[PDB]
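Given next, in structure tokens, is a single chain: the form deposited without the partner chain.
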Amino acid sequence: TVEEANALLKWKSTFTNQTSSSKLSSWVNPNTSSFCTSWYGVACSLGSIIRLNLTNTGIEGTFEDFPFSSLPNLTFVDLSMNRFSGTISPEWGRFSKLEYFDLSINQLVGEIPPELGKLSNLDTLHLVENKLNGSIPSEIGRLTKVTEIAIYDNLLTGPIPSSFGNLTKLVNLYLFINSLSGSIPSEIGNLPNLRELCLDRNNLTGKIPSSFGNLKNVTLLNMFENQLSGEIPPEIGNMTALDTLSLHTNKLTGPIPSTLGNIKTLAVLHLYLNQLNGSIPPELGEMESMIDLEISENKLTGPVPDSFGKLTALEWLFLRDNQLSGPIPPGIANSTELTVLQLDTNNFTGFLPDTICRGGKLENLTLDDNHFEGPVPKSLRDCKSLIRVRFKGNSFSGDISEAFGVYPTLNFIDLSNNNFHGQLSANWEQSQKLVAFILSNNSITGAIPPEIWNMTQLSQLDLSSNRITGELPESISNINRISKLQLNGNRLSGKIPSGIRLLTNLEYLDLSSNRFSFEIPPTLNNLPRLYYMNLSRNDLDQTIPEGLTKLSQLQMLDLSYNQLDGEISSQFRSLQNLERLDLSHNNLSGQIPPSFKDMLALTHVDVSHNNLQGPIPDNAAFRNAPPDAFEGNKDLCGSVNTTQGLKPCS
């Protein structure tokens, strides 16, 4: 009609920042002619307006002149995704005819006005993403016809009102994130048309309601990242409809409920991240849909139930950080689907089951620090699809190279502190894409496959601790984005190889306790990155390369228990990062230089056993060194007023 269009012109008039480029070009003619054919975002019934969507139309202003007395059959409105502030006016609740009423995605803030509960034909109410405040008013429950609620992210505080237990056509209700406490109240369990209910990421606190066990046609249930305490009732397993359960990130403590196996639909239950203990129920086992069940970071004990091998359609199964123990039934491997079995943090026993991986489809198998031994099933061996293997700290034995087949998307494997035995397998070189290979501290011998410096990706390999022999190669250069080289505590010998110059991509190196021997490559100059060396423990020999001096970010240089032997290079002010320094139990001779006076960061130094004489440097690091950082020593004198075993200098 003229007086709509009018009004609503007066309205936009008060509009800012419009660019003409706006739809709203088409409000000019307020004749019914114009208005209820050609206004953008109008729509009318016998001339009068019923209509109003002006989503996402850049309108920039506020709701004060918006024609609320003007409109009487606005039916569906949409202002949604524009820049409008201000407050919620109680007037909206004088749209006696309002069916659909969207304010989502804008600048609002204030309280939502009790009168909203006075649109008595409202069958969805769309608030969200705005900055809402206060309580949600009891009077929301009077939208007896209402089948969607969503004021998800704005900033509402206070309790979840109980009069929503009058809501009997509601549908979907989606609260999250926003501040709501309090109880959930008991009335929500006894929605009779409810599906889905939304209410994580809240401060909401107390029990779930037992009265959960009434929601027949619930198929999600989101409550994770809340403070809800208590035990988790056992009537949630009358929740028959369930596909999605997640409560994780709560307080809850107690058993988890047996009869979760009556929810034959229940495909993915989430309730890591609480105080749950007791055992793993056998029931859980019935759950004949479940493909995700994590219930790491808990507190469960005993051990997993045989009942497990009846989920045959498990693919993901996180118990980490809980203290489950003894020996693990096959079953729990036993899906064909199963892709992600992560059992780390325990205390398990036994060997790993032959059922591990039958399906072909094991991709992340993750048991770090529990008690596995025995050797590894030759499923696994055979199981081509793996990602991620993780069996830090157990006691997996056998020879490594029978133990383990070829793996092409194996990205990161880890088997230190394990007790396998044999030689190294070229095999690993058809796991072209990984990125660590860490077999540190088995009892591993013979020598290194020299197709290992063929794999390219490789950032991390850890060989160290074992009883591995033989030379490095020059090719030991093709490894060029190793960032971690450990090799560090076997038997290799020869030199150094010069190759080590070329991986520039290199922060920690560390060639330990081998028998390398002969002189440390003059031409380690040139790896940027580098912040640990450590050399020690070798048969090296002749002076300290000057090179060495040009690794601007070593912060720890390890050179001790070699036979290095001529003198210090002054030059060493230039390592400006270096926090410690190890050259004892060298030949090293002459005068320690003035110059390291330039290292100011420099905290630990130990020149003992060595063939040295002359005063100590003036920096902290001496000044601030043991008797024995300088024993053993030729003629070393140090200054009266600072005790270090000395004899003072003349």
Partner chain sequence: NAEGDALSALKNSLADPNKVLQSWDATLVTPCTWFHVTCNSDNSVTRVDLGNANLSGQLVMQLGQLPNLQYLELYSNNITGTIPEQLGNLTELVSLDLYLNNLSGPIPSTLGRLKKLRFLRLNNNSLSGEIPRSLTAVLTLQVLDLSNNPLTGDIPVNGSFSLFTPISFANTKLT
The other form holds:
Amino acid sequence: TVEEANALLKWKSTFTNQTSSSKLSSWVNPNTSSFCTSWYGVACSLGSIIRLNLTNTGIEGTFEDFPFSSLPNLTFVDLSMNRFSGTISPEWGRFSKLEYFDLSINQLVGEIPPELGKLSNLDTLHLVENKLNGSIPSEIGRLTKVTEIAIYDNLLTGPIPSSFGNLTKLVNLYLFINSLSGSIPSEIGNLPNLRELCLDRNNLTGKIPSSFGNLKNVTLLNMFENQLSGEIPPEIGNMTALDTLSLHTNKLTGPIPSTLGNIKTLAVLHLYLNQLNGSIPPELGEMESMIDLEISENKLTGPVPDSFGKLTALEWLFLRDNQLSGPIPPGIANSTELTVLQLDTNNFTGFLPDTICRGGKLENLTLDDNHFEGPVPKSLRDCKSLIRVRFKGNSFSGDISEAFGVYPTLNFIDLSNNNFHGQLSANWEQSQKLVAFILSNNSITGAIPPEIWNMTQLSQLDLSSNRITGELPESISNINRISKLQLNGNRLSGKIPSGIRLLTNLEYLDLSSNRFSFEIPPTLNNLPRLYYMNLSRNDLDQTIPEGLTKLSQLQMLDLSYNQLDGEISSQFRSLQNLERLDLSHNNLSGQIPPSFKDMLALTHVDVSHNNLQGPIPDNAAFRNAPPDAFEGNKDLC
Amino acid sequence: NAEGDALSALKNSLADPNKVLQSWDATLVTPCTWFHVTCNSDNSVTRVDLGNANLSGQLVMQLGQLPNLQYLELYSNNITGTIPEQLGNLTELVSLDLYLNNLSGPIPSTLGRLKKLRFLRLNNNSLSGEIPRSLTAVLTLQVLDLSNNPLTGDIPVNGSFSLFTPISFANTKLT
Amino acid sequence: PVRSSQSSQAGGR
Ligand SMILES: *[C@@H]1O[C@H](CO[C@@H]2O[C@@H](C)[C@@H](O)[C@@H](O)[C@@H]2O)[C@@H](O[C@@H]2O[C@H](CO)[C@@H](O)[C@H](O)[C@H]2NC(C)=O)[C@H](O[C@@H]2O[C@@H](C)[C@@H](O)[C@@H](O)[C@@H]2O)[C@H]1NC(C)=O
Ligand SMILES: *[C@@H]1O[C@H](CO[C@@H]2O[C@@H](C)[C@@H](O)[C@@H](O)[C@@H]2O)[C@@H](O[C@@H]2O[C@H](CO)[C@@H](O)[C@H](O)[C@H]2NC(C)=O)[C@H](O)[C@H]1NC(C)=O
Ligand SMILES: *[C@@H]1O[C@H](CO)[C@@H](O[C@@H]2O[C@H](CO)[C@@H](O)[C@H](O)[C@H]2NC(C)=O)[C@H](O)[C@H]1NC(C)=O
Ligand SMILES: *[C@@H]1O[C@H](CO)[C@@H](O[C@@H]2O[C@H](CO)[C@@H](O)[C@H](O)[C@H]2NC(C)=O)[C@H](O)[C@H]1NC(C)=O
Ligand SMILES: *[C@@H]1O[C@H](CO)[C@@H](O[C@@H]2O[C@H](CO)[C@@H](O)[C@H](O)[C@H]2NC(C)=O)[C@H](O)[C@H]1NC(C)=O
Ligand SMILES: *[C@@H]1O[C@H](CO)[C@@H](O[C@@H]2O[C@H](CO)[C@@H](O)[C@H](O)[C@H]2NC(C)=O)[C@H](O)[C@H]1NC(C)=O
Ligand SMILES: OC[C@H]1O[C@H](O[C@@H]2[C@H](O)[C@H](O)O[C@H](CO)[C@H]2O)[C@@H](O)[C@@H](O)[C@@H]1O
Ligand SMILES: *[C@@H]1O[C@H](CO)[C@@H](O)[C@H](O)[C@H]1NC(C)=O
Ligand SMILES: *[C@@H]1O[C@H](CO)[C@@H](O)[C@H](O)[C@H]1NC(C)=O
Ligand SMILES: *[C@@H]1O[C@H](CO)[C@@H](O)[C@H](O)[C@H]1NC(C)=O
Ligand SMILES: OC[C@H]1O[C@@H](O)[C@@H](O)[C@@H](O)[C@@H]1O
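We have the form deposited without the partner chain; now please give the form deposited with the partner chain bound.
Following is the full complex, with the preceding chain placed first.
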């Protein structure tokens, strides 16, 4: 002790930036009467230190003056969560009785010495969250008594040593955040007691070893975010204890092995972001424990098997971004726990099944860019748990007020590019959590129900390219949280409400291709975030108000195809960020204000088909203007 | 994806009292359905309209991961810290609006790689240093403003800056 | 504490 205690005390002297409130204030008397009872972090057997525990003590220093020659009986060493810097000495391999070695969460650098391989009594090795570099020494394979190795979040390079096949007692192998290289050693498939194998987020190349079919005890296999190639070995189906299988973000090829259906314990399966091809094996319907099934972003083809109706515990089904085709089998939506159904970016056909929301738990449903047709099933109308619903780009049909019910939890919905008809039901107001209502390019008619403006939480509203009638009320001001407002391409009439003044958060306004009939509100001068305003193809009938020139942030402003008259106010020179102007097809008169030469951001102008006269101020926009941009004026010099 | 993870990184470095960044759902494939972000036809981010958002915090180097980001509007906020030189990785770039903030430190010399830059406004800040010579080689810059900043050094008219007027350099303590 | 890595979910639309 007295030699051990004095040797430890000499090492404590190396510590830097240590305050008097440190836990190591207890290291005072080198006599055994206090060394083995009152020194923080030390424990003795027969009066000799066997245990050194200094986790999370705030020590800053090095192991250079660690008393290797003075502590022969160390069997438990934890120095994690400190500020130790330097390298791992080969002397660490001298502690013949050591069983637990932890130097995680530190600032160590350099290679791992081969001498660590001669710690024949070691049970657990932790070197986590350091900056160690080099290749793992082959001598680590001498640790026949080890059960857990964790060296993840480091700068390790080179291959995994094939000598690891000698570590028969290993149950846990954690090496994920690293830069290991080469093929997986096939001896790793022969570890009998292995339970968890995490090799994800590395630079591994080559095929998955077919010997992995021997790992009858492994429940977790993380190898995602690698450069694995070839095909998934069918022998993986012999891994009858496997719970989670994640090979996502790799360069695997070929079809899914039909032998995945043998693993009755498999609950999670991530195969996404790869290059697998072929058709979905019908045997995948026999993965009875399956909960999370993800095959997104691949090159799969063919129909989904009806056997998916046997997956009674399925909650997430990710099949998006593939080349699957045909109709959806009703078995897909059989699960009462089904919560997420992502199917966009595919080549499907036909109708949605009536099982779509059988359990009443479906949250997210995505069908973008497919060839679905027919009406909305009744189970989806009455499904109240919807959060995200994406129907964009299909041939769906039916009455829009008869298709959809009430959704208290609805957050986002996009029904654009479809064939819905009818008039909007006021039921949408009850979806008080909705923030995005996007319904463009449909056959919808009628007037906008007034209750829509009472949806205060709405931030984006897109009813463009429809046949909606009526006029916008002054209650338009109720939705001031809006930032994108797209009502263009409709049959909206009457005057533009001055309540648009109070929608301050507005970034993007599109009211063009409509039938607005009276003069522009002079009070639209307080939109400090608007960069876009399009009022083209309407019936506005007076002079451009001076309030428009006060919106500093406009980038584009299109007032074309109107009955606007009067003179072009020179105060448009104030719009310092304006890049585009279009005033064509109007009855504007007078001369173009010569102050416009100072609009350096202006790049595109059109003034054609008007009643103006005089020479053009000289700027970049006017010089590059084509002859169309001045057509049909009176006396433009 | 990669662009969404980068904008998620910004979302974690800014204190958002006004709940502007709420729509920035990180588990989406692309951030193109988020608010205040607009994409082109290829689902690559081209605009970030975060002006006057009452955001507080520090910028994040991951802002250089938007190759197609043409307009970056972070003006009129209480953001602090420095300008990370990784913004020079914005190969396609038109507008840089960081004015009206609490930013400090130098003007990274890496901004000379944004040869497409038209508008650069950094006024009303705590920036300190000298104007890099690299900014003189862009030849696309049209509108420039470094007012209300405690910089130093003489006004660098190396050719491109020949067209600019003292309002661009007013209250700068340059000379 | 030493933990095992968790697989992250696929991106949704
Ligand atoms: C493994 O990393 C060692 C540390 O290098 C630095 O570590 C951090 C402080 C950080 O700054 C990191 O970016 C650096 O790379 C290398 O040793 C250092 O090498 C440098 C010069 O390369 C030298 O000035 C240092 O004195 C030296 N320190 C120590 C403790 O050795 C390792 O050595 C390298 O390996 C050689 C094969 C060769 O690549 C050479 O560049 C280095 O000597 C690194 N080992 C590797 C990369 O295998
Ligand atoms: C839009 O809403 C306003 C008021 O908002 C709600 O009013 C209550 C019905 C209740 O749901 C509150 O939580 C909301 O604040 C409606 O106008 C009010 O209607 C009530 C009748 O219940 C009446 O007593 C008030 O005087 C009305 N005015 C105000 C200023 O409160 C309005 O009718 C709604 N519009 C539509 C089309 O439904
Ligand atoms: C602490 O270490 C000392 C030094 O190695 C041990 O003393 C040795 O004990 C072994 C048997 O365990 C003997 O073969 C040696 O001859 C002893 N050498 C000396 C110099 O005493 C001591 O046993 C260790 N204590 C514990 C509890 O392991
Ligand atoms: C080493 O020290 C740490 C803390 O100094 C001990 O960690 C505690 O362990 C017990 C049992 O696992 C837990 O109830 C506590 O919550 C832990 N505290 C932590 C993790 O901060 C650890 O047990 C010590 N080990 C030995 C062998 O003494
Ligand atoms: C979808 O629905 C059920 C799954 O719950 C299957 O039909 C029967 O469900 C009962 C539930 O108690 C089972 O006992 C029966 O064995 C099921 N039928 C058969 C033939 O096994 C149905 O098969 C599922 N799949 C579809 C309709 O494709
Ligand atoms: C404002 O919206 C109108 C549509 O309402 C846009 O007009 C388009 O202009 C191009 C240019 O020739 C035509 O090819 C399109 O056919 C027009 N669309 C329609 C529906 O007629 C106009 O471009 C928009 N303005 C701005 C500045 O974006
Ligand atoms: O006064 C509303 C009354 O009728 C609702 O049905 C509407 C109504 O007939 C309207 O005139 O035509 C619409 C179709 O264009 C119908 O949907 C009906 O739901 C009833 O409950 C309501 O009280
Ligand atoms: C699985 O692990 C247990 C641990 O008790 C072991 O007894 C069994 O032999 C292992 N299965 C094998 C090696 O097939
Ligand atoms: C492992 O699966 C293969 C199928 O590829 C099979 O031929 C083999 O018999 C299985 N292993 C055992 C021990 O049965
Ligand atoms: C919807 O958009 C497509 C392409 O954008 C185009 O055919 C038209 O504008 C609309 N078609 C239908 C069928 O709604
Ligand atoms: O509700 C809070 C949680 O919401 C989720 O959408 C994510 O943003 C999480 O990072 C966050 O912790």
